Amino acid sequence: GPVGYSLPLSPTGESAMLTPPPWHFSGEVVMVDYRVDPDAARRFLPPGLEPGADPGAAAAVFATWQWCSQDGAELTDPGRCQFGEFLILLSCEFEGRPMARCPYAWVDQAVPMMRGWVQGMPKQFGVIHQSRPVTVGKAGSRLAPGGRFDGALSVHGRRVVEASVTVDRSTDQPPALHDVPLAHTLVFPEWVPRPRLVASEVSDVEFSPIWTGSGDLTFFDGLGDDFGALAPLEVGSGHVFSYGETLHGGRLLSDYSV
Amino acid sequence: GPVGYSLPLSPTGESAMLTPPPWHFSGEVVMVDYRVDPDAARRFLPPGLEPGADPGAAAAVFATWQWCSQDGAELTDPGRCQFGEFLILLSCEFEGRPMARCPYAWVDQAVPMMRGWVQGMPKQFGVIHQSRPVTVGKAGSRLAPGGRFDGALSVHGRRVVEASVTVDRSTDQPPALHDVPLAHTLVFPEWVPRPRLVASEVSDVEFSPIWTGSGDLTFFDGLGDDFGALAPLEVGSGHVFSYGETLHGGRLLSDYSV
Amino acid sequence: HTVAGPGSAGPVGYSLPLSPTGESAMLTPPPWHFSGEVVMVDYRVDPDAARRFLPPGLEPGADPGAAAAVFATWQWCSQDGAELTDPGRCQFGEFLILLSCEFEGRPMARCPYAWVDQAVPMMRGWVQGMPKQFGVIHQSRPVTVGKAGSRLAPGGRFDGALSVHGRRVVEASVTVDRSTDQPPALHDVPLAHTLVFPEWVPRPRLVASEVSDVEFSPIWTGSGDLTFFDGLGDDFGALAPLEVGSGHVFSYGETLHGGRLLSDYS
Amino acid sequence: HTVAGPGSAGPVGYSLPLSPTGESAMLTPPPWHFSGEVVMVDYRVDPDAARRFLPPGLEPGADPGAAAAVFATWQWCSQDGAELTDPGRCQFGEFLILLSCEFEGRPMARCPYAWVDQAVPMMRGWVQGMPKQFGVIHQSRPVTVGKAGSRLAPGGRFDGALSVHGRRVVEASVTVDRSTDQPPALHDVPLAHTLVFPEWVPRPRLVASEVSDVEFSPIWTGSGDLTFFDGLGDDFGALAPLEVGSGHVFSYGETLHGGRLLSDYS
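Protein chains in written order, with the entry's author numbering: chain A, 34 to 225, 231 to 296; chain A', 34 to 225, 231 to 296; chain B, 25 to 225, 231 to 295; chain B', 25 to 225, 231 to 295. A prime marks a further copy of an entry chain.
Pulled out of the complex, with its shape left as it was, chain A reads as follows:
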């Protein structure tokens, strides 16, 4: 019968929408650390995932990614290997180890959306805009003190998040929530339901120098009251940097069996 890593199944397996991991990623990030209501954050954490050592720590993350499979084949089709993304990250712990929970994420390409659900990452579809550094001319900012970088998310035609970073300095200190394991819930609707708590296993994590400065972040109505509960109480530092990793698969944290 037909086969494949994913649908659609086909006689040779080549038609599958997704390729088996590992996948490599190289991206550009614009990120704002912020303070969330810890009581609201707790309600997005499933059983086994406990409040951060700093329960109020969150982040809003804009990124643009290029990705490919182990053979690098997607790289020659920039239309197939690129996507933009906006995510929320919440600080948490599993058995005393710091992690990040991603309660919400939006992307602008279908393959990364479906591949997100594969790993338990709750990706939906949206329109994501992000400033890029320039090195010539005047139409933009440089990676240098005073440089400003903006991000915006619209979902279903409504502008729901805007963020800005004005950088002051370069550091080798990665933003905390972008240098911990991500703990997701693997679950898929039952058509004819055993959620599992899992962590994504990554290797070869690499950061450019991090440009950091002041952050600004605003949420707007249009995603519902549940999302609104994660709006910033206060906004902290912003970071602009490049990031790479190899994403290998999942490790089971808990299947909630007894």
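Just so you know, not all the hints are guaranteed correct.
Some chain A' residues judged to face chain A by a derived CB distance under 10 Å, without partners named [claimed, not checked]:
1. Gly-34
2. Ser-43
3. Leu-51
4. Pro-53
5. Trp-56
6. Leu-82
7. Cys-135
8. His-189
Just the calculated beta-carbon pair ranges, DEER-fashion [stated by the list, open to error]:
9. A:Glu-47 - B':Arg-289: 54 to 62 Å
10. B':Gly-31 - A:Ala-177: 17 to 25 Å
11. B:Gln-103 - A':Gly-81: 53 to 61 Å
12. A:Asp-254 - A':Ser-241: 47 to 55 Å
13. A:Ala-177 - B':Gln-103: 16 to 24 Å
14. A':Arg-175 - B':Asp-259: 31 to 39 Å
15. A:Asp-212 - B:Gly-274: 57 to 65 Å
16. A:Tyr-294 - A':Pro-80: 29 to 37 Å
17. A:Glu-47 - A':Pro-80: 19 to 27 Å
18. A:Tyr-294 - A':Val-296: 21 to 29 Å
19. A':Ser-241 - A:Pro-231: 18 to 26 Å
Worth flagging that the hints you see were computed from the coordinates, not collected in a lab.
All C-beta atoms in this analysis are idealised placements derived from N, C-alpha and C, irrespective of residue type, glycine included.
Starting from the known structure of chain A, arrange chains A', B and B' on it as the hints suggest.
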């Protein structure tokens, strides 16, 4: 902990991308029946699904849909309740009962894509164009003898299917492959794998008068050799009609257990 | 040199890009035929605000406060019908504002703002003086089978929405009650546009679009709802509804031929 | 009446839509600043075919067969920089063909075809005579961390693709070998355009775009590859490569001010 019919989980369950079934559909269809190589068709049928009483019968189906949940809430946001689709259908049987297998499908909205995978329908993302009947002016065709209606699919920026129907007459005979149960394979990649063969349960199936005439159908390179194997040997009748149904859930055909 | 014509040298075309045979041109010469589906809401505008969008030569409407918000989806083609076989090339959606005005005692409509979702109609709009910009436009379509939508029948509801640069800026709804053969007033009068294009190295002209073979389906009418939201600026905001009137759902056809000069201001 | 200026009556603006304050206009007055990333392939074109795209006044290039296929992504803003805070408003991608030509002994480039993926740049292109249509344009970006891409270093590969109306019509690749400070010839000369807009109720002018503060990063050069596919018509097809030369990857900036008249054909 947070809940929901699907990701993202949230404290009240409202953030979920998908709503529980049943879902209602009302659509406009442009469909071409064609002859496929029966040996190529057989290779797309999983265990338990056997060749049609007419193994060579296939169809190419363009449709535009409006859909909503039981409460009808999506209908007031046309941007959320509409999508376009192109599908291939192959004739098959399960335990002596005629069904259709959908080996390939493309849609232009994320919610229907993910909801397709929920039901085992192998939807990917593409750009789908479809002619619409007009009732005034000269810029189009009427639902009347001589009226022509076109469909086109581009995937990753490549034009891969084009079809046309010129209708001759109205009938009350639904196209065979659009009036049988659909048999899908429920399977999702294993991140840390028990495919199931299922049929979609529908009710309240309704057709407009069917306008039927000559069909034309062309495949072009750009989807791979596996897809190419399903190219038409011969092209038969085309049909233009409206269609409604309520989609309730799955029934298990086989879980391949022993 | 740019007109295909006797002894012409350079490349030619009705529009850019010019090419040796003229086939490359983005636009085709008129006439163009249109067949569309409309969801329209009549509303009351501040007449003093409306007046400031009317160029010299155009006087306030017989009812100066009469306006309309118009959602439409179109199919179009040139005389040879060639575009109709490529639905991806011959379809677009649109949202327009219309204001009641008059030229020398004759009712017309001014379109101060329009958004479309395809480039060819956008440019062709500028050619005729219609001020089209790009946006995302959604519109309900009647259904005839199933439950997922409304029928053209009493109680049927039809919605429209416009987003521009990722902000939701107009939402409209009509719930129809009854059918009539009375076309909405602002959809059955000449449109008066201003022809002007930026100077790179301007002399505006007031023109009317000449159309023929105007055709309406039966008109389904009932209550309208209309809301403007921030994101298009205060100039646009001045045209927000004071009160919202009847909504209309109908099909429309016409042939558009070219422009007639109302004034070149000499 | 359409210029904001002393005693002006009607609505005003640099372009449509006109409005009481002029704020609604789709376009802003120049100058505009550009900062971009380019992936370009030099190629050999049929010189006799190229000649037919050159209007009177423009002579064949010193090397008549020299052409280029250019992929670029841009950020742009007006003098006040206001657009830069809305990345969704200030970015676009582009694919262009360039042909070598001369005006009165001076090297220039003719752009017979261009496609962009945003409406404002499309219209602003027509304003300056650059024949821009709408398309989908993809372009590799260098990476500096990780494995999912190429570095600006020997062996780095960068790709570009154009689809128009859902058909894949151009694909290009560069594999870079070495860095240089020598800008690609067709990206460091004035562009000579034809100003023409359809008449609704045409007098073309040959113009050059005036730019300042032209700036190149170091240029990464190596082998180029370039393939045209059917779907843009035979006029465009005539410009397909006979042979493909060097590819170049670099960053580019300039300020664009306005047009200079080369000939109004009087």
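Hint-by-hint comparison with the structure:
1. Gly-34: 4 Å, holds
2. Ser-43: With Cβ-Cβ at 4 Å, under 10 Å, it holds.
3. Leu-51: Hint holds; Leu-51 (chain A') Cβ to chain A Cβ min 6 Å, cut 10 Å.
4. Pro-53: At 8 Å from the nearest chain A Cβ, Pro-53 (chain A') passes the 10 Å test, so the hint holds.
5. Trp-56: It is violated, given that the least Cβ distance between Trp-56 (chain A') and chain A is near 12 Å, above 10 Å.
6. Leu-82: This hint holds: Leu-82 (chain A') lies near chain A, its Cβ roughly 8 Å from the closest one there, short of 10 Å.
7. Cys-135: 9 Å, holds
8. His-189: Constraint on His-189 (chain A') satisfied, holds at 6 Å.
9. A:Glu-47 - B':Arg-289: 54 to 62 Å: About 55 Å separates the Cβ atoms of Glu-47 (chain A) and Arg-289 (chain B'), which means 54 to 62 Å holds.
10. B':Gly-31 - A:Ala-177: 17 to 25 Å: 47 Å, violated
11. B:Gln-103 - A':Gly-81: 53 to 61 Å: 56 Å, holds
12. A:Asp-254 - A':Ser-241: 47 to 55 Å: Taking Cβ atoms as reference, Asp-254 (chain A) and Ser-241 (chain A') lie about 52 Å apart, which means the hint holds.
13. A:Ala-177 - B':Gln-103: 16 to 24 Å: 22 Å, holds
14. A':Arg-175 - B':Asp-259: 31 to 39 Å: Since the Cβ atoms of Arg-175 (chain A') and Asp-259 (chain B') sit about 32 Å apart, the hinted range of 31 to 39 Å holds.
15. A:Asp-212 - B:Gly-274: 57 to 65 Å: For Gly-274 (chain B) against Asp-212 (chain A), whose Cβ atoms are near 59 Å apart, the range 57 to 65 Å holds.
16. A:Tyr-294 - A':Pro-80: 29 to 37 Å: At 32 Å between Cβs, range holds.
17. A:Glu-47 - A':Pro-80: 19 to 27 Å: For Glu-47 (chain A) and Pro-80 (chain A') the Cβ distance comes to about 20 Å; the hint holds.
18. A:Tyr-294 - A':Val-296: 21 to 29 Å: 27 Å, holds
19. A':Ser-241 - A:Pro-231: 18 to 26 Å: The hint (18 to 26 Å, Cβ to Cβ) holds, given that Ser-241 (chain A') and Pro-231 (chain A) are roughly 24 Å apart.
In this structure, the hints that do not hold are numbers 5, 10, in rising order.
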